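This document opens with one chain alone, in structure tokens, the form solved without the partner chain.
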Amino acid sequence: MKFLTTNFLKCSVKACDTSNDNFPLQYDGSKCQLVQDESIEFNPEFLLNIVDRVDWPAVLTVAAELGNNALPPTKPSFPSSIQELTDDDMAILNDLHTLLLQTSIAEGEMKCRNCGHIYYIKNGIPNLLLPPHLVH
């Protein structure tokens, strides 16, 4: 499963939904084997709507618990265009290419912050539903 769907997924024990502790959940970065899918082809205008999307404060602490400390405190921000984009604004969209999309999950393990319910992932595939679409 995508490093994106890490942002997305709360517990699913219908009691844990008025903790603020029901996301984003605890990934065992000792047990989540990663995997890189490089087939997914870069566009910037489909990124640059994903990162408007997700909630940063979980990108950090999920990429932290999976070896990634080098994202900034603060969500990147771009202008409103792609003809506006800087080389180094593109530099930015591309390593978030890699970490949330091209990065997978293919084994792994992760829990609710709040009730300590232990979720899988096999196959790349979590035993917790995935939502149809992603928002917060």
Given for the second form:
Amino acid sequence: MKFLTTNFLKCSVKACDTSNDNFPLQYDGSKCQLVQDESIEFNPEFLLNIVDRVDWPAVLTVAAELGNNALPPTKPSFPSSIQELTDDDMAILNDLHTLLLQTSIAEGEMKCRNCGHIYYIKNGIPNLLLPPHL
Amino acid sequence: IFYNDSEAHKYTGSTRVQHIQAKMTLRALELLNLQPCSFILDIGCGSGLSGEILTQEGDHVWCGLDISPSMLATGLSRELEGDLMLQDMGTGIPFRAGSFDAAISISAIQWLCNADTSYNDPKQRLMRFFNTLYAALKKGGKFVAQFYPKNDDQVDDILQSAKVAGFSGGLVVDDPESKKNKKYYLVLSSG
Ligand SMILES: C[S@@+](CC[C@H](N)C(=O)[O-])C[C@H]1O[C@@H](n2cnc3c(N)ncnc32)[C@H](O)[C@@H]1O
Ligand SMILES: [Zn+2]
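Same protein, different state: after the form solved without the partner chain, show the form solved in complex with the partner chain.
So here's everything in the complex, that chain up top.
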């Protein structure tokens, strides 16, 4: 499961719908096994399209939980189009690509900060099935 | 439960299945009329036949939801770029508000009329599906579903549920004079 996905995946239990703490989930840096995957080609257009939606505080939180505190405290900003990108912009987009698209959790677990429900990741795939009463 | 390792493999490995799923996915994408490099939810992604096409045709990044472990396990060997998630769409779409540019679903949502897996009404699951889908889409996000209705009451129940959830749009029916080859597409947009 890609790091990017951690920036959008919330708790599945219905009761947690209106809770500030259904997102981000709380990733267990003890259990989570990371993989880096160069197969996904650098895609600056996608990054420009997703960056406004990205929740930077939740990026920092999950990164810290996963061992990485080397990130800037504020969300990178960019011009509105590919053709206005500078060499510096491009360097920063490359790092975002690596962080968000090329890094994934292969095995691990994460929990809802609000209800405590635990989810498991196996073979890069999160199990989001819930028991009937939730 | 419906699939198993044997049947998931025979489905995903059938050339006739591959060709038809590919055609309807391409048609769904045509109806979605997206900008390239968008962020997409693929609902009922199975083994990723529809998802591969999102990757190749529009350069899209996508997440796939499916309730079947053997379908997903089959997807794992196909070199997909999407994130696969074991999930029951009738329980809701578990992403924060405004996550996705669009959602797509090929041959999957008619299962929401089925009352086997869980003990909520299909009526309730249907509503849970569309209300949470509406929320997880950006404002003006689109949803196109190719689906197989059993009868016109299923169609109008699906349309009604999508309507009450906030969606607008309609039904596209390709080759409708051939009930061997006709195909229904739900084509929606959010507010
Ligand atoms: C005929 S397959 C289509 C798969 C893929 N979209 C394609 O074009 O090949 C229908 C899929 O919907 C899935 N499905 C059925 N009910 C579901 C549910 N409640 N939530 C998520 N997926 C479901 C099945 O597991 C199956 O993979
Ligand atoms: Zn929760």
